[PDB]
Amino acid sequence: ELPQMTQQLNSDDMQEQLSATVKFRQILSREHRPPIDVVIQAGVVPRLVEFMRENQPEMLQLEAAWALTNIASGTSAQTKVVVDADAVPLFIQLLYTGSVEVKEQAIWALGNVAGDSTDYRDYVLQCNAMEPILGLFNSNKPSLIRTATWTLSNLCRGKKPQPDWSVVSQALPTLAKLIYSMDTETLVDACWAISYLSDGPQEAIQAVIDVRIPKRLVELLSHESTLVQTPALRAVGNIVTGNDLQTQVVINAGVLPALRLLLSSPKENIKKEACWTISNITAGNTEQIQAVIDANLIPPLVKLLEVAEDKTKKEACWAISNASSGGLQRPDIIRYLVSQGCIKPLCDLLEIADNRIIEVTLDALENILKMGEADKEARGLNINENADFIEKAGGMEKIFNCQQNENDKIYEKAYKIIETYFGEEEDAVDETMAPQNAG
């Protein structure tokens, strides 16, 4: 019964035009195997697009837009059809004019369109949707705010390329309020949108900080739902890729104790992101490395370095290694790391199959040795305590083998460690290793 419907939708009688649009909208709503393909191939999209113009009944506009939305929320190719019919600008102008039911349809449509790819995202923005979308967050209608937030986050999503910052940054003031919503889905989507916005240059991080977002985000790290934790954690982590002052705002908002909580999350990936986040704080200045230690984060970090999944261990190793940087100007830090038992896990990690981490791990071990060496030379002792700890943990053997690694920098640092801190007993090797090695 479809070629009939296609003709009833062409009738100049406004009465039949509606009846037809309504029948389309209904089959297009079937839960199981919607007939989106068949309806598209009957050529009726452009006809439905016309039914959304200003010069049309409020009741017809609704049904046409609802039908099209059902199409645009299908496959990437069925969304493409709706976009190629120039439906976006009419969806957009319906956000101003239309009633609330109509607004909710168009906002959902534009969300599905904006979420298909970075091109469609830019396209929605170029068609000046930002202005009307923001205007929706007055409605005090929970389901509409929920939807508008979902769409909003899709306009911010994507790093390569980033969206036009001068446009998407206009949403910061609204989001700043949205992360106070009591509707979980809203809250979640608002946090995603912030995680995307904060994921960029120092100018973007600063925008996030200047609307006072970071205070609230830190509070949200202890929300009961991991659906909130995740994006919130991520936004906070992105802020701390920034400079020392930026990082300091998040520490000042209470992020270290919240990170403590997350280092014992049931989800492995929350723990991984938490480690990453802490590692970017121990990459910070000496006060901040001390703040990390004062928040009792080292002990769980060390525990994860020994028993966590590999991806989590690498991130934890960064956190502990970055922290030993500050050990050359504050030797208390290294002493505390050592005493917390981080030597054996760092050593055991040298055999991981990742040269990026082996390097970081050797840098951490060198810093521990340099502090152990300056410790014994400062008080006329004849032994490097830290060197003996590394030796007794089978770390000497492991560092020794790193000289048989293909990366020249790894070999060179390992060679240096064996010569400097293990002098009489373990030879360093020079370059007859012309049959190279690694992978």
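Between two forms, the rigid core is defined as the largest C-alpha subset superposing within 1.5 Å. Positions refer to the first chain, counted from 1. Compared with the form deposited in another entry:
Seen as two rigid parts moving between the two forms, the chain puts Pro57 and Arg157 on opposite sides of the split. Relative to the larger rigid part, the smaller one is rotated between the two forms by 10°, as taken from C-alpha superpositions.
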Given for the second form:
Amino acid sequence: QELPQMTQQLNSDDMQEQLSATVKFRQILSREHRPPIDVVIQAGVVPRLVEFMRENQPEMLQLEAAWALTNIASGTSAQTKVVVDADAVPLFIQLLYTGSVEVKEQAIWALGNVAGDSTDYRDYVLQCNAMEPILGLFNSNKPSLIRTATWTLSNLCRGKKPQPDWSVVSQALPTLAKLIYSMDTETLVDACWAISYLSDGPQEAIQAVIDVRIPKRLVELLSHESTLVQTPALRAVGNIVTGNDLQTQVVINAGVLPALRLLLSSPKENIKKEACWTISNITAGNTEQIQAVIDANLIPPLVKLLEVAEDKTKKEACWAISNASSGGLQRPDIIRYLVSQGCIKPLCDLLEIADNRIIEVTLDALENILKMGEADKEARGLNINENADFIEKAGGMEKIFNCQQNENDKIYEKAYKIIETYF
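Switching from the form deposited in one PDB entry: structure of the form deposited in another entry?
One chain, no partners, no other molecules: that is all that follows.
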């Protein structure tokens, strides 16, 4: 259409024509569905647009050109590659330092799409030292800019395989710690995602998150009126409790248990699922933390979900109760408590799920219950294992016996031993 003329105008030496042309390119690219990215790329104007972002170029030109490149980078890795190979990244970064506010708003968005393309482009942007100028944007007192920068910042932290350069992304913790206190929902959401990414890693990363005192706030955000905030905050909390017993205790001390208790009755199924997931990693802790969960009255509602929640959630509830049962070896009463709360019936019923990882998890729990029951019997001269009688009455014996027919050897081995040992 105008593209042929637009291309010629863009390469013109007249600046009025360059700007008119750049704006048209920005306009045709501003489409959410099926943007004319390839047509613009093939017009061969990317290097020219990148050229308009140079430091001494007219402001409007830098602005429109960066905006256009921003949307080209919003495409596939192939289309994004064109922008990157044209050396646009280092220019986006410099614009973050010298550009007018409007210009910076384009540049940071562009960096957001580039870093969000893949681990390599994420690393590339980090290698170009984008972190420093980016963290600087949070002192702008500019909402729109901060929102985009928070998002961009999260893409720089995102990715577990490969994990981003920790020595660089860790630099953003102090900033993220303050951002989760923002009243702007949009910024808060992205800050929480960023944090969940940084929290998703080695012991030192979780510890760095704990050291800046982020957990206290994450727990409070679990009750934020929007699930858009609850989801990431809960994710960050969950990732943190995948840490050691000490790190996990910090989260417990920040009062996560009562909060999780409320999440167990959330209207959103994924919230209930992740709340159980989070509890499962706490009951995977030491004796005291398993007891803390017990004292926080999480078992009853956990048992309820185990019996009536959607499968994905039930599986998570199963992990929690099962990890908790592993503590009975050190404290039998934990098993007595679990059984008194009716975990046996739901656990057995779950033996028929189409997930072997869960069958194993359930068989282990039932065995932890069987062992305690056996020890109690041995302890006080009885000849009947009370918990074995409970399992049989719950129809669990028949189900366990059937797991022996599972093609999975591990399942088979577990079921067999349980049957021959307690039944």
